[PDB]
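One chain follows as structure tokens, the form deposited without the ligand.
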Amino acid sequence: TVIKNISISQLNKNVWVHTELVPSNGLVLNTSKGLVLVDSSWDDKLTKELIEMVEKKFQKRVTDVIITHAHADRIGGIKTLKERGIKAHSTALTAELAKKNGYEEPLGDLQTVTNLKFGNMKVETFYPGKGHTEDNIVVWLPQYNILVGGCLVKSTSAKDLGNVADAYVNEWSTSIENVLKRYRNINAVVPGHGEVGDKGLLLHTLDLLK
């Protein structure tokens, strides 16, 4: 099932990919205690629309969002989250960076490895080291072996590294290796931008870094 406006695409019973317009991705987790987003959207305008679409469709509130990095493209809806009482989880580094850059601050509650449970839905967040940004994290759904790569992970259609101004192009390969070492059996990988793939996208990203 794929539902448009913003587009949402069902991966399984409780997991959806959200995509907003170039295009960027995150997840919607339909849990027994509310909806959880892995990343919100580009700005407040799209973040409000995302929230409104999912709350109406799933008939539950968005309770939590996990922010995968501090750059404008992922932090940009933070005002909307905070004023609605939506918990914005992040690492301390992501929160520091957000503040530095003039954004409202997410919680800074995520450690190198954090294990969250939302109703029945298990989520692990992992900081694998620097890459696309200094602070980039990945998000793992161990019940589904689904990895949200964020901007650490490039889609097949990405044929170059894109913008490397805030990137750490040496450490990025080690970071990707750390994800491959931690998650040896992956069913799907959601890149930051582009089509859903598998562990092949991690290998693709390694190649782009050579």
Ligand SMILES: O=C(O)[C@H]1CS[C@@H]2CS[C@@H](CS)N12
The other form holds:
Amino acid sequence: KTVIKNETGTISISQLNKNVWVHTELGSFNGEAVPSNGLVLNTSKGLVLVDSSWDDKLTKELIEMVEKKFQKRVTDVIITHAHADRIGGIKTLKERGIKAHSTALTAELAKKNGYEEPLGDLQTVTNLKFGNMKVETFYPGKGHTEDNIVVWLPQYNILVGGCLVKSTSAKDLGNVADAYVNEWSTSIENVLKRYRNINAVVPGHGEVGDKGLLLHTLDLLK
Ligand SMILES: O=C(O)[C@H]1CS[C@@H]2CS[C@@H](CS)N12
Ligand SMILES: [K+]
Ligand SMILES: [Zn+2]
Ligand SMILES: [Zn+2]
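Instead of the form deposited without the ligand shown above, give the structure for the form solved in complex with the ligand, please.
Shown next: the complete complex, the earlier chain at its head.
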């Protein structure tokens, strides 16, 4: 049930479990309100985000909300690809001394698109631990973008799909200009192969689902 919104209503967080919430922000795309998801991980060494938000204003507001609520600092963010939706708050992170993890390719792409660079520290498979919280990052191949990664929480069997994974409500692939529609199916299969028992799947946009969201993505690719 538990859902907390900000003043203006533009930001929301909703609990999945004792230490794991989804954050969602309404941003401005072409040309309506469009929601974007990530994760807030409440660990004993601080707050870790899987993705920040659309722009600096929303990222600052997000950080401020979870800092106030959980009474600890945001220490780390995992940036799941280099579109503005994911990388847009990078300047806020760097200036606050928040570590912005990404693959090298995501870092390269950010800079090519004129953003400040995340760390480029993540390999194809990276295993991180913050306090007691275990976090795996996985590059499954190209799909929604060249660089898109997923994030797995092995203690909860929770998969952050990012924009690689479409919600039920999504009835097409979205913007495919940066996409690789042949390789996207294989990428999704690589996820299904690596993570055989999944409790919950967080799509880049839309409502939390399960493994069925990955199967939905495959169908939308046919
Ligand atoms: O993931 C997507 O398909 C689209 C629809 S909403 C958001 C803004 S365009 C792209 C950047 S992640 N993304
Ligand atoms: K454990
Ligand atoms: Zn994207
Ligand atoms: Zn997206």
